[PDB]
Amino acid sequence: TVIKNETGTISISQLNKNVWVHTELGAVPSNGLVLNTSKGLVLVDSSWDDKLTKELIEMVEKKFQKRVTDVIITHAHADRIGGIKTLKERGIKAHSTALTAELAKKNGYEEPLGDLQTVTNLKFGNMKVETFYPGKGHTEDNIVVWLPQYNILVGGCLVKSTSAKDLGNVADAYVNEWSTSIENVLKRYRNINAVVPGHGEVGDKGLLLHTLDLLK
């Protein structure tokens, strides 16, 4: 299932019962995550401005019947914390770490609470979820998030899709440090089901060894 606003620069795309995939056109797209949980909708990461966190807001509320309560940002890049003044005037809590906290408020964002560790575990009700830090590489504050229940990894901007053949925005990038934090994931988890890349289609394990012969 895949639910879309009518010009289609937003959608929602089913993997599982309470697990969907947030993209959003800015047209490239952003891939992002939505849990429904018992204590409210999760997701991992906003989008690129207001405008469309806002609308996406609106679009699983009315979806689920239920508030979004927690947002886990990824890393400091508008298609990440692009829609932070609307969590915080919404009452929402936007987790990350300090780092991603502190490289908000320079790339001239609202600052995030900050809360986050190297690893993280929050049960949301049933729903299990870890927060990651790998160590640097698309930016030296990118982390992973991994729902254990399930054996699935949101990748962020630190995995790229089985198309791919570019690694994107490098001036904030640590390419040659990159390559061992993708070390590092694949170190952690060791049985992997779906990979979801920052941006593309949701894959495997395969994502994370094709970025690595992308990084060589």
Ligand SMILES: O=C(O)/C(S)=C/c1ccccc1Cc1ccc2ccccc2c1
Second form
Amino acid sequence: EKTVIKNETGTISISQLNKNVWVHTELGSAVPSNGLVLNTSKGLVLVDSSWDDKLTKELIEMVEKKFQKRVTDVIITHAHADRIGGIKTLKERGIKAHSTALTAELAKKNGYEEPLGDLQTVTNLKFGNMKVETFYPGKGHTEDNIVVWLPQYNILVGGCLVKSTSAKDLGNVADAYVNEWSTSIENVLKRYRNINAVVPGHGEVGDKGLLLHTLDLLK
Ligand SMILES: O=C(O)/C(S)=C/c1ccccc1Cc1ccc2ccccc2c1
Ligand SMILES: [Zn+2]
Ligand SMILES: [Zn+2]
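The structure above corresponds to the form deposited without this ligand; please provide the structure of the form solved in complex with this ligand.
Below is the whole assembly, all chains and molecules, this chain first.
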């Protein structure tokens, strides 16, 4: 069974996918959400922060103590609170907050501090030996949502573009593009034809079937 480590009260939990990849899950307002923790030889890298600065601080502190290294970088996958709500903490700690330009533009528009706006449609990053690819597949859950791919593990972080099995509808679609969303999913499936695991933005880890589930929800 996968190792699962929790904070006091269960508001933050980390679950191990492999030697260097963990999923981090927090309970916001109850609404759980997921991101990743990458344990690299040059520091810890997160995919996404959390709902607010209190949770982001506690996540950072938990992983820095456990893995005995600093969080250096975070990839922000869209400009909603579940993903970006800890940006003030990141900036004041000197943690690099990577994003697309559009995500940064939307964060500013909505009153958050701005991530770097450095990610392109395809960006390849390397942290120690850990390779990370970011990909903008098109509009879907939001205008700006990106996915993150770990090519050494064929793990896809779908983020909120990808719904878990337990999601029975599309959720909050105020900022969504429900026509383009199917094409954007298809763009992910075309880019990454052999996928080991898919981490949705909310709910249980699954596999490619979560992408097919999302397509069905969009009918
Ligand atoms: O669906 C999403 O991924 C997002 S980030 C939606 C969203 C849309 C706009 C503003 C805030 C949110 C967060 C949210 C709000 C209510 C939720 C209920 C159930 C499950 C997840 C939920 C997430
Ligand atoms: Zn969202
Ligand atoms: Zn979300």
